[PDB]
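Here we start with a single chain on its own, the form deposited in one PDB entry, put down as structure tokens.
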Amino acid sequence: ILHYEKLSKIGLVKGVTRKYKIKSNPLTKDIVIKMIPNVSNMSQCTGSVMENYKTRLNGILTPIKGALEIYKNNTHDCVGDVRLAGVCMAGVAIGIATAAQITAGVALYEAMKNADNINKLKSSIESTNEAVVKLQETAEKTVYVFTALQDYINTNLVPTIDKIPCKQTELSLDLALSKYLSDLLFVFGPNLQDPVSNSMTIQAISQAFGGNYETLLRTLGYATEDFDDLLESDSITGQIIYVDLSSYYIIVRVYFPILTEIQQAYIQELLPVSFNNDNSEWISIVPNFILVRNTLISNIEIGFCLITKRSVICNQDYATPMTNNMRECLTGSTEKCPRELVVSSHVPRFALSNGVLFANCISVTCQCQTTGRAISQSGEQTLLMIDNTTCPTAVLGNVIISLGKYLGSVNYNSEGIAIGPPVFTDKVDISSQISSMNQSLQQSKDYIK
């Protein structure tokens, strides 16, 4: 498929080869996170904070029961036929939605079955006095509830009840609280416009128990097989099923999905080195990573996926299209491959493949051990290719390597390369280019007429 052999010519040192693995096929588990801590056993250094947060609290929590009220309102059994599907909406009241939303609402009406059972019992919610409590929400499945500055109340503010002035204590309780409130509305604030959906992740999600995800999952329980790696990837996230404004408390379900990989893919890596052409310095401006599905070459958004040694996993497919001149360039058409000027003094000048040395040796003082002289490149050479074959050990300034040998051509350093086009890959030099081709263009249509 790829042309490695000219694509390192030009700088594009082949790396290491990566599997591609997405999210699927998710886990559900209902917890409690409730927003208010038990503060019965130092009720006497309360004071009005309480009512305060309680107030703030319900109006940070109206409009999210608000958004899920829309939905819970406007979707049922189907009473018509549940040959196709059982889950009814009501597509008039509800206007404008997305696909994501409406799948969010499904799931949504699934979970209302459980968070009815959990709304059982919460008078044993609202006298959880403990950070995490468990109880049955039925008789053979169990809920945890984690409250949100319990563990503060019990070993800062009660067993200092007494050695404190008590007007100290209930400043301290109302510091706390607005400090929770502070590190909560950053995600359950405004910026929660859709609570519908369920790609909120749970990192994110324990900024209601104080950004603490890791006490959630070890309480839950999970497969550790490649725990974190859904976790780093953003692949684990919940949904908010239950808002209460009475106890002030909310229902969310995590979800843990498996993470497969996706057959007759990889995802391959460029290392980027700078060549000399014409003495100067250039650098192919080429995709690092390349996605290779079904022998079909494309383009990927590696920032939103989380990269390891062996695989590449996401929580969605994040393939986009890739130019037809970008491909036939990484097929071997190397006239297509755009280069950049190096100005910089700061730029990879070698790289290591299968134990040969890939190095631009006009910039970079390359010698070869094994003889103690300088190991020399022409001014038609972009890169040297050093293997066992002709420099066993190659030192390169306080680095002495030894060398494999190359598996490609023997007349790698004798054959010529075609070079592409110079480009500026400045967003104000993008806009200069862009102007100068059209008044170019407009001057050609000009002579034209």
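Residue numbers count along the first chain shown, from 1. So that the term is clear: the rigid core is the largest set of C-alpha atoms that superpose within 1.5 Å between two forms. Compared with the form deposited in another entry:
- Comparing the forms between the two forms, the C-alpha position of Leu27 differs by less than 2 angstroms, with the core used for superposition.
- Core-aligned CA deviation for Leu245 between the two forms: less than 2 Å.
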Second form
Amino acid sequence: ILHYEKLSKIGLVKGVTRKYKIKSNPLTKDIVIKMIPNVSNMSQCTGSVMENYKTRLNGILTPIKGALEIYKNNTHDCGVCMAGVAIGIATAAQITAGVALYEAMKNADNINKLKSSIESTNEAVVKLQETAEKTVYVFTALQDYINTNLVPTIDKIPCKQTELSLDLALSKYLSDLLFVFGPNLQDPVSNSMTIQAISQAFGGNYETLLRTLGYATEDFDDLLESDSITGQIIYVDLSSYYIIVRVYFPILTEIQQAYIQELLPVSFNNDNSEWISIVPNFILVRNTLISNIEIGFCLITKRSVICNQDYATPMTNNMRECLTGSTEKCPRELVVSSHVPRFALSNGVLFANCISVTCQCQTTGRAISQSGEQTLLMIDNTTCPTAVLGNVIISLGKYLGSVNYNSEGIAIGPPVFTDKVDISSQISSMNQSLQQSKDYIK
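In place of the form deposited in one PDB entry, the structure of the form deposited in another entry is requested.
Only a single chain is listed, so you will not see partners or other molecules.
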């Protein structure tokens, strides 16, 4: 129930309308990542680098298993029975993630019977047959580099340089890996980690993983860019150095009776200076309720806004009154900079502040003048079919609304300042004034 006509005279021009949708209904798949390469065809001159690499990797892998073992012990089948006393401190998300983790024990146990086959792989991507009806994919960290560069050149270079190169490659891999799986991974139970972060164990090549898994969705790009694809770690092996990860593929669903409206701000002249209005730019309306939204956590597209959570935020009563047509209480700020917008186009109609910009009609060759009592001018083809603003020639449509738009004025609100130190100064001043008033009252 927004009043666009009154908001236009303040400097707020309506824009595009979009839909609201959230993810739901995920599916599940399982993959295996092997974190140690095979050096069988270059073993004669590798050296002692592999033992040091194992020693370094074991101390990184141990804490994750230690954290995971907590929920394994106290969860059992009764509809899953849990032991609250042993856990002690937990949240709802942790409990849900623990139930989800327990739900994958059968698949993990079925996969774990192929340890010998997993340990013997020597290719970047290998397909394994767990059962007659289901298959498992295995990915190796640095098999391609060894297979491509080191092995063919082994007979043209002394092995000291090859050992140095292998050590450098392993150190670079560890340096790239330490950012995600290091001490920062305090809570591995949850399933909020995106596939992009998980792909760092494979060199950041999540495209290969997604292509191999065989995605069959048309909203694939929107799901990927909205961080709606996640993963969870369900098993860690300290002897063979591999982990098992479960991937979730959700479905986007559209909320009914909801849309988001956009406003374009334009500066206006009141006394002898330029002013701008401080109001939210994006407004969420569902059913008949108006509320704020933090759109910075969501993907903005041409037709709809894709989110992964409900980001509704409450709004004060004064803002609601201002948005409904009570312009006498909408705050404004002074303009000091020179790089501000001064005109906008909406449905073939032009709104411009002609005090600080040239306005002349191309058809008649005569200038357009703005009085001191007007904030903005509406220009359509009923008066000037073709107008020029600097170096651009534009043709205009017809305005749908009041015919006396340029002869009616409005009311304005109080000025404000939006700087942090200014906020503190204003608070101090208002408190001192209130204290003096209270002293006089006493």
